[PDB]
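There is one chain below, alone, in structure tokens, taken in the form deposited in one PDB entry.
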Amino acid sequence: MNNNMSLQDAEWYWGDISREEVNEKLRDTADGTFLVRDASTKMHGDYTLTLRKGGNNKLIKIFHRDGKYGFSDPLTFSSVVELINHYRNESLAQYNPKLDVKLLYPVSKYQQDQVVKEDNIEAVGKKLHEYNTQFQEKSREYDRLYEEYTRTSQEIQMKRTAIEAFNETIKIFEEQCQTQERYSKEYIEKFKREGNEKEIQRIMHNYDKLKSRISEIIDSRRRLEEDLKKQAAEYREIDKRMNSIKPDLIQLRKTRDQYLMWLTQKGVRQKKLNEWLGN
């Protein structure tokens, strides 16, 4: 719909990027974000429109034969914007009925202050360094936090196991108390009726041993349940600390990947990107 529309300033021209480089750029973005890579046909020509409808990218191969540019035989378009770009205005249902949505948010290279927000020219030339240093520091913090999380998960599960073993152990010592009163009562009434007094205290003394044992085990479960409550709370706090770092860590990884193309103007040296980018 213009006078002359060029090929370079288009948001979709990526050159010779592979399939994996497309996965990074098309993820969780708004309607209207698309890109092109080299076609699966070994010939030069194919441009790809990628629309997000229901959170999915539909792949539609444009078979390329002869030195013309288009969709299918015969490739008879007149501009690349008619092929891919003009869909931003009208509905995209003419292209494929599986993408009945428009195109609203464009990630613009020239809207720099919307993504590249450093004020002075000296602060910009470090945003890749600052974003990558913030990623590696907060990733290893989440790594350290996740290792406490999995470890505390195991220890908490073991305490629940040890608690169920106490409950059944206490269940068994309780039966021994109720079994002793069944048998000894027919005898404690008889050893008083038979003048025997050593035997009376031995049965009482033996029930005192059983008394002291049960009391010590219940206290041992109590101290375990007390420790379970406190570590289950320590667990919930470990989860809170991760669930607050997780959404910040996701963006820093995408932000650093976004700024991979931006540092072209402040081009940090090649092998320097083996220390200015991490190690």
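Numbering follows the first chain given and starts at 1. For clarity, a rigid core is taken as the largest C-alpha set superposing within 1.5 Å between two forms. Residues that one form lacks are left out of the comparison. Compared with the form deposited in another entry:
- Core-superposed comparison between these two forms: among 153, 91, 136, 206, the single residue whose C-alpha moves by 2 Å or more is 91.
- Core-superposed comparison between these two forms: the C-alpha position of residue 122 differs by no less than 2 Å.
- Comparing the forms between these two forms, the C-alpha position of residue 233 differs by less than 2 angstroms, with the core used for superposition.
- With the core held fixed between these two forms, residue 247 has its Cα displaced by under 2 Å.
- Look at the core-aligned forms between these two forms and you find runs of 3 or more residues with C-alpha shifts of 2 angstroms or more at 6 to 42, 46 to 97, 100 to 113, 117 to 125, 261 to 270.
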Contents of the next structure:
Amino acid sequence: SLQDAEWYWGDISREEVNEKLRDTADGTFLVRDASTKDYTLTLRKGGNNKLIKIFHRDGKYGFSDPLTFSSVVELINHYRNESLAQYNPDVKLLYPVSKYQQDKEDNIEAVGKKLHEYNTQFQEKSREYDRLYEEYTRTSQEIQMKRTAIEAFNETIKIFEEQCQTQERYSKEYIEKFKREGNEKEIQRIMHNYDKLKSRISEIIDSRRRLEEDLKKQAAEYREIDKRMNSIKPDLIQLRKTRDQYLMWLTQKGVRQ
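For comparison with the form deposited in one PDB entry, please write out the form deposited in another entry.
Partners and other molecules have been left off, which leaves just the chain.
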């Protein structure tokens, strides 16, 4: 029967099927109730999920006329060995998605209790992740700022160092011109201004060196947040899928409309 059939998933959604068939090999299949109300066979081929309708007319089944098969099971089983290579060129129906392979916790109260625990652990981890993400984006933004300010310091330093070259160029002639004219006061004035300039360059060089240092430290903490993020992410998906399974079981076992 196509009720006892493992590959048959009844009232499942295309969105749900896509998850069930994501990153699977060709031949992977599952049957379901059409996105109406008449069944749909979904099959993985060339990285895609090909939807193949299961036509029915006067108790006869097939993909195209003539309708040769008597049941949906006889239809699946035939192509489970015979292969779809002949009907429109291309694989078989090799790897079924079993509705039985994945885990029935005895009682309604048992499932209810476990779901409550999962749902709780989920909200806990969710918050931990969103918090780590807040710091991930804040650190990433702050590093980027720092990187632009090192670029600005570099250009600042370039201007000031050119300023020394300008003093060196001009003053060399005038220091000679003042030593002869015996004007030592003005020589001391040229020297005081150059000293003034290089002391500033030293402050600007240390302002950058301090910023380059905060940047090494922040690039380091960015690397840790990322490391941490890459560990929470997979657990959080699994923990969310486990929860979502207990929520579905609860619905399936209970009174339905």
